[PDB]
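Peer 1: Take a look at the letters that make up each chain.
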Amino acid sequence: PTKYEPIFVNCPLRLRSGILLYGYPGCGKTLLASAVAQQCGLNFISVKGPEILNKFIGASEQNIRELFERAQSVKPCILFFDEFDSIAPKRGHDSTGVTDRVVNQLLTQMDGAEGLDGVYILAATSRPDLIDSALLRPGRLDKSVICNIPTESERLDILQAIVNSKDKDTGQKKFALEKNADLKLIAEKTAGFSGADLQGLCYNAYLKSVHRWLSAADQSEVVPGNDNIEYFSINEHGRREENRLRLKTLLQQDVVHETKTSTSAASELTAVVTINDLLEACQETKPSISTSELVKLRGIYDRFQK
Amino acid sequence: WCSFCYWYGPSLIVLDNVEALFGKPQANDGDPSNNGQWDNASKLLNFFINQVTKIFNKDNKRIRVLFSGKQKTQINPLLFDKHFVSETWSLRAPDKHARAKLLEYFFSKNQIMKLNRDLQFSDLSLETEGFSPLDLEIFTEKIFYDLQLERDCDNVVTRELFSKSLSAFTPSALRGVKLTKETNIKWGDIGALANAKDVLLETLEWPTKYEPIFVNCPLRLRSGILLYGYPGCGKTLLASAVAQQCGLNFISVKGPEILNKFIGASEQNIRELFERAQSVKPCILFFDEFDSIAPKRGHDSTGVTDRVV
Amino acid sequence: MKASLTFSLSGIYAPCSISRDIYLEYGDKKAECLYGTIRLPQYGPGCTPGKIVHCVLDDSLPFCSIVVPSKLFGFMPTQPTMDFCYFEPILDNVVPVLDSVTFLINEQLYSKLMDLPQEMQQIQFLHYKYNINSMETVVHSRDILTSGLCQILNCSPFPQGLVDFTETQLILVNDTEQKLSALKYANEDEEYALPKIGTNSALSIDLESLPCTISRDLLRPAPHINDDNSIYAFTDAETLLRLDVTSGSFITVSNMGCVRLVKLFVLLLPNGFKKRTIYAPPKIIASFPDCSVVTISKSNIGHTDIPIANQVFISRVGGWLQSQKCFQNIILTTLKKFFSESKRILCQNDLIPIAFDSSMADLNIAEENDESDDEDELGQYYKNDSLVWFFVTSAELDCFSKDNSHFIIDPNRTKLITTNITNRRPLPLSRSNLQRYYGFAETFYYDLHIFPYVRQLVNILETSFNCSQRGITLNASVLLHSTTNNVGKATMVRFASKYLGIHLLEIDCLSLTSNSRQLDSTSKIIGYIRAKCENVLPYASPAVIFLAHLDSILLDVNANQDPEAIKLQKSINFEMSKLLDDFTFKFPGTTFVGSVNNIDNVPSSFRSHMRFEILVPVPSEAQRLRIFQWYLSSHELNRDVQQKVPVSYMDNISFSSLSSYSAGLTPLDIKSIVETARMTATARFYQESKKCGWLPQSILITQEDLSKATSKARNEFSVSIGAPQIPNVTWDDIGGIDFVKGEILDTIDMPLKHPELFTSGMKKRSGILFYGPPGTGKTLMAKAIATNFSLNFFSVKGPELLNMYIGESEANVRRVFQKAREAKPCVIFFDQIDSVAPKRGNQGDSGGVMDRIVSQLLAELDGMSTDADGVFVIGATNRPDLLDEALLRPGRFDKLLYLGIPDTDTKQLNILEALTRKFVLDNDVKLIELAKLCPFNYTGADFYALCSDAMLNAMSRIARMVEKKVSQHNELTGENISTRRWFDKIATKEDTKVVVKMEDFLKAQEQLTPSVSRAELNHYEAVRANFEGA
Amino acid sequence: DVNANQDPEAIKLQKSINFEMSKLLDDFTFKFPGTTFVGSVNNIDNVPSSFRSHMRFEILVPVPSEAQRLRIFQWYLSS
Ligand SMILES: Nc1ncnc2c1ncn2[C@@H]1O[C@H](COP(=O)(O)OP(=O)(O)OP(=O)(O)O)[C@@H](O)[C@H]1O
Ligand SMILES: Nc1ncnc2c1ncn2[C@@H]1O[C@H](COP(=O)(O)OP(=O)(O)OP(=O)(O)O)[C@@H](O)[C@H]1O
Ligand SMILES: Nc1ncnc2c1ncn2[C@@H]1O[C@H](COP(=O)(O)OP(=O)(O)OP(=O)(O)O)[C@@H](O)[C@H]1O
Ligand SMILES: Nc1ncnc2c1ncn2[C@@H]1O[C@H](COP(=O)(O)OP(=O)(O)O)[C@@H](O)[C@H]1O
Ligand SMILES: [Mg+2]
Ligand SMILES: [Mg+2]
Ligand SMILES: [Mg+2]
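One line per chain: the protein sequences are B, D, C and E, in this order. Using the deposited numbering, you'd call the opening residue of the first sequence number 716 and step up by one each time. Using the deposited numbering, you'd call the opening residue of the second sequence number 510 and step up by one each time. Using the deposited numbering, you'd call the opening residue of the third sequence number 1 and step up by one each time. Using the deposited numbering, you'd call the opening residue of the fourth sequence number 556 and step up by one each time.
Derived by calculation from the structure, the hints in this document are not laboratory data. Take these hints with a grain of salt, some might be off.
[Said to hold, decoys possible] Not the full set, but computed from the structure, chain B residues with beta-carbon under 7 angstroms of chain C: (1) 763; (2) 797; (3) 945.
Quick reminder that beta carbons are idealized off the backbone N, C-alpha and C, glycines included.
With these hints in hand, go ahead and build the complete structure from the sequences.
Peer 2: What follows is the structure, given as C-alpha cells:
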C-alpha cells in the first residue's frame, strides 16, 4: 500500500493476508517481527504468549473476538502471534480438554468472508510441525518462511551489523569497534551457532575490555607516581595505610562541571574491543547440540515437493 | 480534635476501634469502584493525615496519635503508605507467672470468695493455658456462682468443684463452638518404648529448659526427625504423646489426604497447611506415609510425585 | 549564664581568661585551670555548639567580663568587638581525651619537620613553636592554626577534647596542593585606601535579603520598643563610614520612585554572609523588583518628618488563603494586633508582610484585646506559619505633602479603613527566600541542572508568563502523572511557582464536601469548586490553578453502571471541560495544572482535550545525593525541635553510601529514614545523660545507625508491597566461591554501577543460573544477595505458580512477573526450574499445562526489548537436563555457573571459618588443625552439619554441667527450686559464652558421614560431564 | 450473626441492638436487685459469643426418654 498503490487500483484477487515464520532455533525472527514495525511505519499489536486463554469458558472466544475487533479498528497495524505453538496445535477430540474452541474461532476469522483486513497476520513459532493442515493453506495462512543459521560470511555480516552499533545519531560506534576491523579471523575461529551467541560473545569481550581498562587506569598512574602517602613518623599503632580511607574521604573535596575527554576510544572513558579478547572466548562460545531438529525440519521440507 | 489538642499543649489523642472510623471496607475482593477509586473512609483518613502532618512539622512535641485496633495489617494500608505508623506492640498473650497474680486479683475482685483450700493457683493454671484476661474474669465469676449453690455453706473453693467447671464451661472465646477431641495419651504415659525417646526429648524440651543457651550460639535451630517405622507401628502414639507436651500448638495432617489427582493438589494443600503452621505459634507438625509422599523420582520418573515434592 | 565578652590580641594557642568573680561563684582551688564553656551569639537559626576553652585566672576583669583571643576565630580586633556572650561552667571540669587528631601542614614545613628522624624532636617543636602542652591544651576538629601553615584536619570521633601523645597519634598530612594559600582564616584584609573607594556623595552596591531572621536583642544599639520597630538594615565594612553617617544612622535612598528610610547597622563581627553587600529584610526588597544595584547616599533626615496621617485606607493582596471565611477573622485580628502593638511609618506604594499560624484557625480567643492591656501574649505559644501581604494604599495626609514616606497612625487620632483588594506580584525566589527567613514549612529547592521534568514544567510556565506579558495570550495547561505513588507531584508545582514568581491556588479534591454520591450533586461539587476558585482571580497576578488528585473525581466508565452513574460521569466530564475552557477566556494566561494517579483511569474525553503531558519518575541515584543533602542539612533538622541543644551530622558521612544503599526508595522514605536516625541518636543522647558523662554539648547523627535505618525503611516498604522479609546473610557469611563471586560481581555490580563509563549497552546479561548437587550454597547465594545489596527480592517457591482452574498463567505468573516490572529494580528468584519448566518436547497428557506455563514464562521473560529495567532473574536447579530449551543460550536465562565439591587443600577451611563467623573458639586448636583432621569427600553443608552436631554436644556438655551444678545447689540451698528462680538467681558471665574447647569436633568426625556418597555423586557428575550439551 | 452477605449499615443496627441489650441486661442488675434472667434460643450457634459470654449457665434440654414418656402419657390420660 506504500509502493504499489498506483498499481493496485483494483487487483481482481484479494491481497495475500499473512506470514508465519519458523526456525529450528529459538526464533531470531522474533526480533525481525518486532523490527518490521519501525522498518515500515505500521502500528503493532501483539498476542504475547497464550494470553487469549481464560479461566471462564465464556471468556475465551469473547477475548479473541475483541482482539480481532481491536485489530480491525486500528486499520493499519500488524497483528502478531508471539508463539503460535502456544494455542494452535493439531485438532483432536479435545486434546485440549476445554476451551479448545478458540482454534475454531481463529479458523473462522483468519479470513472468513471479509478476506483482506488491511491488517495482516504475523506469527512466529519453533516446532511448527505441531500446527496442522487444517490451518496452513494458501487460501489461509501459508507463506512459511524458514530461518536457518547464518553460515560462513553471514556470521561476518551479522557481526559487522552489530559492531557498527549505531544509534541516537550519537556515539555512532557505541561499541568501540576494533580499529582494524580484523573480523575475518575472529568470525570463523569462532564457530557460530546463532546470532545471540555472537552478540553475547562480543558484549562479554567489551566487558573484558572495560575490565582491563578499569583495573589498569589507577595503577597506571600509581606505577610512575604514588599519591596521598601522608607519612608522619607513625607510632604506637600501625594505621600507616588503614588511615588512607578516612584521609581520602576528607582530603578530597573538589567539584568540576562540563568535563571533557579525548584519549578514550572515540567515546567518553570507553574501552576499545580487541581481536584477542574475542579469540580467547572462541572456546567460551558454547554449543547446545540439537541437530536432530533439522530432521524434525525434514518433515515440512518433505511436504515441500521441491 | 486537632485544634483543641493544638491549644492544650503537649497532648496525646486516643482513637479506639479504628476500623469504624478509618478501617478499609472489608478489603472486598473484586474492584468495582475500588480499583482506581477510594471509599469515603480513606477520604476521611487522608484529610486527617494532612492536617495533623502540617501540625507535626511545626513541633515534634505538640501532638501524637495512638491507634488501637485488631491486627496491624487489617487497617487501611494508606495508614502505612505515608509512613504514619512507627511501632507494633502486640499484646500477644498472658503468660504463666503473671496469670496467677491476675487470677488472684480476679478472685479478690468483688463479692469476695476469700481464696481456696490449700492451693495457690500455680497448678490451677493447668487448664487455663489458652485463656485470656476477660476469659479469666468470666471463669472466676462462673466458679464463684457454681460454688455458691453446690454447697449451702459459702466461701470454700475445692479442687474437684473447680476442675469440673473447666470440663465443659470452655470459655474458648477465640475457638468457636468446639475444636478438640483427642485427649488420650499424656506426655508421661510412655506406651511402647523409651529406646530412643532420649533423642526425641533432647530435641523437644531443651529449647524450653535451657532456653538462652541457644541464643548465644548462632546455630540454626537443629530439628527434624524421621522415625524408622519398620513394623508399620509406633508414631501414631509417639507423636500424639509428644504433642501432649502441651507447650505447643499441635496441628494434624496425614499423607494420603493430599494426593488429589487434580493437577494443583500441592498448592491449596501444602502451602495452606504451612500458612496455618505460621498462623499458630511455631509447633510440631505431623506427617506420615512418606513411601507414598516422596518416591525418589531420580529424574527418571518425573511424575506428579515431583509436582508435590 | 550571661557574660560580657571581649577579644584579646591573639596567640591562638594562648589560653582564654576566667574572671575572679566566676572563679568565686564557681571557685575551686583544686582546678585553678578552670575549663570554661561559652556560647557565641550569632546570626543563624540557633547558637552553634559552644566551645570548651582553656583559661587563666584574672582578677582585673570587671563583673562577669571575659576575654578570648580574636584571631583564634580568624576575626581581627580591628573589627567591632562583641560585648556579650553566654557562659557555662564545666561540671567538675570533666572532659575526655581525644581518641584521634589529624593535622594539615604546608609541604615546606612538613618536609622540614619530617627531615627530623627522631619523632620526639617534632614533639618538642610543638612546644617551641606552638607552645602546645598536653592536658593543658584542648583542640578542635578543623581549626586553622596559622594562615598558610599548621591546621587541625580532624578530631575524631569527638569534635573537642584533651590531648596526650601517650594516647593521641598526632597524624600529619602534607598540603602538596598548596590550598593553605587560600585557606587563610583572616576575615579582614587592609584596603589600599579609604578615600577614592567610590565617593561619599554616591555609592552603588548590590542589595540582598538577609538569609536569616534578626532580633532587637542581638543588635548593638538600643532602639525603643514601641517605636523604631520592624525596619532595619545591615552593612558590612568601612562602608559604614563611606556613607558619612555611621551605624545607627538612618538613610533613605532608593533606585526609583519614593524614598524609603531605614535604620542601618554594622553587621555583627561573627557573620558568615558575603561582604561587599547591603543586607535587608524581605520587607524592603519586596518593593524593589530586580535593579539589584541600589543607589546609596548619606540621605540623612532630622528624625520623623510627619507625626500624623489622620486616616489610612489599607488593602490586602489577593492570594490563596486571603479569601476564606475561616481565615477572615484571624486575618483581621492579627492585623489589628500588629498595627496596634507598635507605631511605625508607612507609605503609599509599599507593602507590609503579616505572618501568623494557620493552625490558630477555628479557635477564637474571647478577651485578650480591646478590653485588655496592650501587651497580651507570648507568641512562643501563639506561633506563626503562614504569611500575607497588605498594601498600605492611600492615607489622609495633612497640608504637608509629597514627603509621604513618614505617614503614621496614632492609635486614638487615626483609624484604618478597608479597601477591598489590590493586585501585586510576589518576589522571585531566585533572588530571595521568604521561607528560610520565617522558618516555615520548607519547600525543597530543585536545580534545573539535574531534574529534567522540572526544567520542562518551569519552561512551560515561564513561556506562559512571558508570552502573555508580550502580546500573545497562551492557554497553556499540563497534567502530571506517575507510575508509583508518593512522588513529589505537588512539590514540583509549588517549587516552580516560587522559582518563577508566579501565583497559585492550592486546592485538593479529596476534601470536597461530597463524594461521587448517588443522588446527583455533581452540580453542588463542581459549583463549590468554581465558586472557591474564582474569588481571587479578579485581582490575581499571573497565576496557576493546581488541582490535587483529579483521579478522585474524574472516575471512569464501566465496572457496573447505574443510569445515574452514567449521568454523573458525563455531567462531570462536561462541566469540568466547560469550567476549564471558560477559565481560559474568563482570564488570560491562567494555567490549569492537574494531578492524577492512574493514567489508565482518567476518562478518554479529558485525556484528549488535555494539553502537555509530563511523566515524573522515581528519582535517580544522582538526584538522591541532593535529596539527602537537603533533609540532612542543619536548618532541616533544627526546625522541628524544642531543646536548645542543637544537632548536626558528623562530617564523616559518606553521601555515596547513602545514595547507593537507599536505591529504589522514594523521597518520602528518605525523610522517614533520616528522622528515624534523628530519633535513635537522641535516644542515645538521653542514655548518655544517665551519668555525669561526656559529649553533652550536642548529639550528632552517625554513619552506623543511619546505615541501620535503611533496613527498617526497606522492610516498611516491603510490608506495603511484597510482604516477605528475609533474614540477614552478610557477604562473609559465605566463602569459598571465588570464581562465582567474580562472575556475580561482573554481572550485578560492575554493569550496574558506573554507567558514567560503562556504556550501558543496548542489551544486558539477564540473570544467573546455579546448578549442581544440593547443599552447595545455591539457596544461600540468594539470601546473601537479598541481604547485602540494596536489591529487593521477589520470588516464587517452585510450583507456586500452578493452580486449580484452567488458564493458570494469568492467575499467578503474569501478575507476579509484571509486578517485578512494576517494582523498582528487583530480582526474581526461582528454585527447582527443572520442576517448573519441563522440556516441552516431553509432551504431557492431561491438559499439557506445562506447555502453558512454559510458553507464558518465555513470553514474559525473553526478548526484553525496550525493557532493561533491572529485572534480573536468578535461580537454582538440581539437574539441568530437565530444563527446557528456555535454556538454549539466547541469554534469556543462560548464564550457567557451576558449584561443586571444593578444592581439597584449604577451601574446606574457608568453609569452616565462614561458618565460624560469630561462632566462638578460644584456644590453641587453630582452624588449620580442624581442617586437616577432617577427611575429604565431606562437602559443603555437611561441614555445617559437623559444626551443628559439635555445637549440640557442646551445649549438651554445658547442660549436664548445669545439671551437676544445680544438683549440688539444691543439695545445699534452695531445697525446693527448679527453673525460673534458679536462672534468675544465678548470674553466670564467664560460663555463659559456653565456648567449646575441643572433643566435640572429634566426636562430630566420628558421628558424621558424607550426606551424598560417591555413588550419588556419579549421578550428578554425569550431567556435569554433559556441560549442558558441549 | 454478622456476615459478608449483609449491609454494614444493617450490621451496625445489629451491633446497636446487641450492645443495648447486654447493657439493659446488666442494668436490671443495677436498678432492680435480685432480678434474674432466662433466655431461650432455638439454635445456639446464631447468638454471637458477644452475648453468650454473659451467661451464668446454659442447659441442653434433650428430647425425653422412656421413663419420662411413661410419666408424660400418665399426665395426658389422667382423668
Ligand atoms: N539468525 C539468528 N538466529 C538466532 N538468533 C539470532 C539471529 N539473528 C539475531 N539473533 C539474536 O536474536 C536475539 C533476539 O531474540 P529473538 O527473539 O530474536 O530470538 P530467540 O530468543 O532465539 O527466539 P525465541 O523468541 O523463538 O525463543 C538477539 O540477541 C539477536 O542477537
Ligand atoms: N523531592 C522532594 N523534596 C522534598 N520533599 C519531598 C520530595 N518528594 C516528596 N516530598 C515530601 O513528600 C510530600 C509530597 O507530597 P505530594 O502532594 O507531592 O505527594 P504525595 O501526597 O506523596 O502523593 P500523591 O499526591 O500522589 O498521593 C511532602 O510532604 C513533601 O515534603
Ligand atoms: N560458604 C558456604 N558454602 C557452602 N555451604 C554453605 C556456606 N555457608 C553456609 N552453607 C550451608 O549451605 C546451606 C545451603 O546449601 P544449598 O542451598 O546448596 O542447599 P539446600 O538449600 O539444602 O538445597 P537446595 O539447593 O537443593 O535448595 C546453608 O543452609 C548452610 O548450611
Ligand atoms: N504400646 C503399644 N505397643 C504396640 N502397639 C501399640 C501400642 N499402642 C498402640 N498400639 C497399636 O498401634 C497402632 C497405632 O498406630 P501405629 O502403631 O502408628 O501404626 P501405623 O504405623 O500403621 O499408624 C494400633 O494398632 C494400636 O492399637
Ligand atoms: Mg526469539
Ligand atoms: Mg501528593
Ligand atoms: Mg539449597
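Peer 1: Against this structure, judge whether each hint is valid.
Peer 2: Right, here's what the structure says about each hint:
1. Because the smallest distance between the Cβ of residue 763 of chain B and any Cβ of chain C comes to about 5 angstroms, under 7 angstroms, the interface hint for this residue holds.
2. With its C-beta approaching chain C no nearer than about 5 angstroms, residue 797 of chain B sits inside the 7 angstroms limit, and its interface hint holds.
3. Because the closest C-beta pair between residue 945 of chain B and chain C is about 5 angstroms apart, less than 7 angstroms, the hint holds.
In the structure shown, no violation is registered for any of the earlier numbered hints.
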